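Form deposited in one PDB entry, single chain, as structure tokens, below.
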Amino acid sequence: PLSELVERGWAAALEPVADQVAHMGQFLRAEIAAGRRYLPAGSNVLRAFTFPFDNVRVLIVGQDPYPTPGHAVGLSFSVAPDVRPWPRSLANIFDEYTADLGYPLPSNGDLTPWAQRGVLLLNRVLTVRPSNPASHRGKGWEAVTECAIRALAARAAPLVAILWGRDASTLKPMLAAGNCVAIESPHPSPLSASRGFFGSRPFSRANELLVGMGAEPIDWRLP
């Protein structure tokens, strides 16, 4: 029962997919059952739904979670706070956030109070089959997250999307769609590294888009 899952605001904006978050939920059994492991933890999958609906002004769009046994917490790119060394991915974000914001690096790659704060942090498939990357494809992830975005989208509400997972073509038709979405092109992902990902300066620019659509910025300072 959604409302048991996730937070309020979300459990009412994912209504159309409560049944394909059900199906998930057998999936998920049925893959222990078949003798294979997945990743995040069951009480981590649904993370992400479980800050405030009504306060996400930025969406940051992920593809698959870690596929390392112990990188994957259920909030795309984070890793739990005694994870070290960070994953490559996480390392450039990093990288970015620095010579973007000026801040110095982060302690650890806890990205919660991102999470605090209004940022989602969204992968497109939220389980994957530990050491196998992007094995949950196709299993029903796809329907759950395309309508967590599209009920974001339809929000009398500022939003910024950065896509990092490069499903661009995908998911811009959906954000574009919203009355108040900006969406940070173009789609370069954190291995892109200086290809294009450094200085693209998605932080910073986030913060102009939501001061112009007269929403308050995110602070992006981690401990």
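Take the two forms, find the largest set of C-alpha atoms that superpose within 1.5 Å, and that set is the rigid core. Numbering follows the first chain given and starts at 1. Compared with the form deposited in another entry:
- Once you line up the core between these two forms, the CA of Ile183 is the only one from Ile183, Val45, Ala157, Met174 that shifts by 2 Å or more.
- Core-superposed comparison between these two forms: the Cα of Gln63 travels less than 2 Å.
- Superposed on the core, the two forms barely differ at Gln26: its CA moves less than 2 Å between these two forms.
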Given for the second form:
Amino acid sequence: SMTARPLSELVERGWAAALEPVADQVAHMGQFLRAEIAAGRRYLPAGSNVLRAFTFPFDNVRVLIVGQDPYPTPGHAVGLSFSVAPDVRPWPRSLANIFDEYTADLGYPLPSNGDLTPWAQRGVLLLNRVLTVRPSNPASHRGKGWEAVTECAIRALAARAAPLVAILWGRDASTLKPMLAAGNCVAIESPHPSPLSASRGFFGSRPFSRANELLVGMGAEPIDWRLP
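Form deposited in another entry, following the form deposited in one PDB entry:
Partners and other molecules have been left off, which leaves just the chain.
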């Protein structure tokens, strides 16, 4: 629980140091969530998964994907942006759109399932700008305190002595672009892959191949995007 336990227990060691400026804020978010349950409102994903993106090593990140907030349907959000458990079917519509673009850009077949853990295990941070949502109500936790947390995460990645490519999907993710100005960092941005915005420029955006051409240009290893 993020109210009760310190960052050294909740997240990977690198991340716990990266997030030290927002340690109090993370504990405040735990109190927010406790107050939501006390009031009779729910949240997603499960408490133990809220900070899951920060359980993969900070030092290993090469690409950041940033979306808006977690899936609104109970059983979808797992604490990694856009990912679902490997037994979820049908896929959420945003994920089906992502995979559409993944096949169009990379030429790979459609993935077997919606589990994006291989990307997280290969240096892709699967972040959302806001880390919780009320069921059925997208953007319901906007402006409740998560933005400081994910701003801190980006600033800290950007400051590392390492290349970084950010893929910013949608309007709320785009508000991280000012914190990527330094020469070691580059941001791709597009409309969000949700059906409400995908046709405004998500489809055709080629984010996966472009991120790899940016990494290679900076002297970093490209991501192996291929899902099973």
